[PDB]
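Starting off, we have a lone chain in the form deposited in one PDB entry, written out as structure tokens.
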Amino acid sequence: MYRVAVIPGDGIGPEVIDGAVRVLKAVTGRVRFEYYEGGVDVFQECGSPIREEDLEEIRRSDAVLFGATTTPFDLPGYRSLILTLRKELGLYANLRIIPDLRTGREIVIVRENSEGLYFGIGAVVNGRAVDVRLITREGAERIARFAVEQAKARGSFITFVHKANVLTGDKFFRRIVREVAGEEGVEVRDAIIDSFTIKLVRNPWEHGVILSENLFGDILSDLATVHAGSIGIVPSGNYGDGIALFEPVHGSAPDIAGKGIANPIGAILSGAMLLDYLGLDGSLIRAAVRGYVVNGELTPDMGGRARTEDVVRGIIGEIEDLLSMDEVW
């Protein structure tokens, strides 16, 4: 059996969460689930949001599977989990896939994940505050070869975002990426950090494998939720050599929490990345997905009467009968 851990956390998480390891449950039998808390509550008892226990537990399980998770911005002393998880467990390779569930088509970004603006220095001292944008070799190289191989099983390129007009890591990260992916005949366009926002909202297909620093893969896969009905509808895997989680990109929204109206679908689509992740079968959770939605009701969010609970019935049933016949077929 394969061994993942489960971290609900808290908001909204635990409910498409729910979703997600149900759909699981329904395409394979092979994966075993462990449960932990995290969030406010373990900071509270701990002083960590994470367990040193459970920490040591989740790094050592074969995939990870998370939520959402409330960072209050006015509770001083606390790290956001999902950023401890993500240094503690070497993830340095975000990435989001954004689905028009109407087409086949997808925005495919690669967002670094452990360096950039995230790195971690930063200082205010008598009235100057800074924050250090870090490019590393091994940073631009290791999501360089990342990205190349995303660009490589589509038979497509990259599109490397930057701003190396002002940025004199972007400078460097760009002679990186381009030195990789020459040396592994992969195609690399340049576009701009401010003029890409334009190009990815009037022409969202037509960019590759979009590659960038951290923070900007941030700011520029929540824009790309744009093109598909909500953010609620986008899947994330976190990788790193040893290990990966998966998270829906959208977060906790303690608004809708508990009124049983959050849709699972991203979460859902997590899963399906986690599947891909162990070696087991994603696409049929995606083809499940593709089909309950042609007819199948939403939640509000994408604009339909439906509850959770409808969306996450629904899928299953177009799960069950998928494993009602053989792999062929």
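Numbering follows the first chain given and starts at 1. What we label the rigid core is the largest C-alpha set whose atoms superpose within 1.5 Å from one form to the other. First, how it differs from the form deposited in another entry.
Of the residues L89, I193, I231, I97, just one CA atom moves 2 angstroms or more between these two forms under rigid-core superposition; it belongs to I193. Residue displacement note: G182 has its CA displaced by at least 2 Å between these two forms (rigid core superposed). In the core-superposed comparison between these two forms, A244 has its Cα shifted by less than 2 Å. In this overlay on the rigid core, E213 has a C-alpha that sits 2 Å or more away from its partner position between these two forms.
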Contents of the next structure:
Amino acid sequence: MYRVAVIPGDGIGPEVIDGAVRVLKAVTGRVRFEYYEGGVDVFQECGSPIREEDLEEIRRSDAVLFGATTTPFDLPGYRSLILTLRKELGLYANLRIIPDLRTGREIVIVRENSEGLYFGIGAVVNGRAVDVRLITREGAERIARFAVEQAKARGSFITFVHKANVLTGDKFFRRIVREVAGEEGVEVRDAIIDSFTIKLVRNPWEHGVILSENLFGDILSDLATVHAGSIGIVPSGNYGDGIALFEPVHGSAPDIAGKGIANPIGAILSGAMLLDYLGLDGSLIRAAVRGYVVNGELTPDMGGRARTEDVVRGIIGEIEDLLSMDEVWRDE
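Please give the other form, namely the form deposited in another entry, since only the form deposited in one PDB entry has been shown so far.
Below: the lone chain, stripped of partners and molecules.
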């Protein structure tokens, strides 16, 4: 049995996570789930967004499935639940996928999470400001090895996007990426971000595993969303040494919570990434989504008038149908 920690969060988080968990249960009985509370209410009651004993159980889980959390502008002493989990679980890498639901093409963008690669300081001393940024071989290797394993797993290659023409840290990172990839027999292409943005708009689907330090990579990960009809479809993973946390890119959207119209696709595809991470059949979820959207009604963020449940049921129906066609969907 794999043990998955479930952290629904706030607002639409619980709604979409219910859909994702129901989908996972429809594909495999090899996972069981334990649920945990986190957010402002937990902070009020214990001084931290998540309880220390819940964190300990989470650390020992095989994967985490996370919904979304509402973080107030200024609640003294409070720190974002997702930022806490990334820090406490050592989740140094973030992998975002923009899927083309019609075809199964994707844009894969790997960056470090906050403080996962660079450090240093910024300050004013009026009349002048300074920023210093430092990167090490050890930090560069760690994220390079991750992206390299991800490319290997996909039968793919790396597109390393950067500003090595201006920033020596980027030149350094590029060299390390090329070294690590070379060891593993994985092709590396590289590009200056400025011109690469044109390619990401015009030819998005053919860049393999995009890797960029987050100063530039977070630009790419947002720019790539122009190819999604809604942010509500977009999944992501947060990866560390021996554990990963999967979450939709969308937020807690408190203003539509309880309206039954949250897009569950992002959370459901995040579950598909979770299954892949555990060596299970994430592809069945993707094929089921693609099947559903051919003629299936979608939620209002995608221009349809489905309820969340209509989409969750319709996806589960596709999964069922595939699982029943023993000749068409064979094991492994």
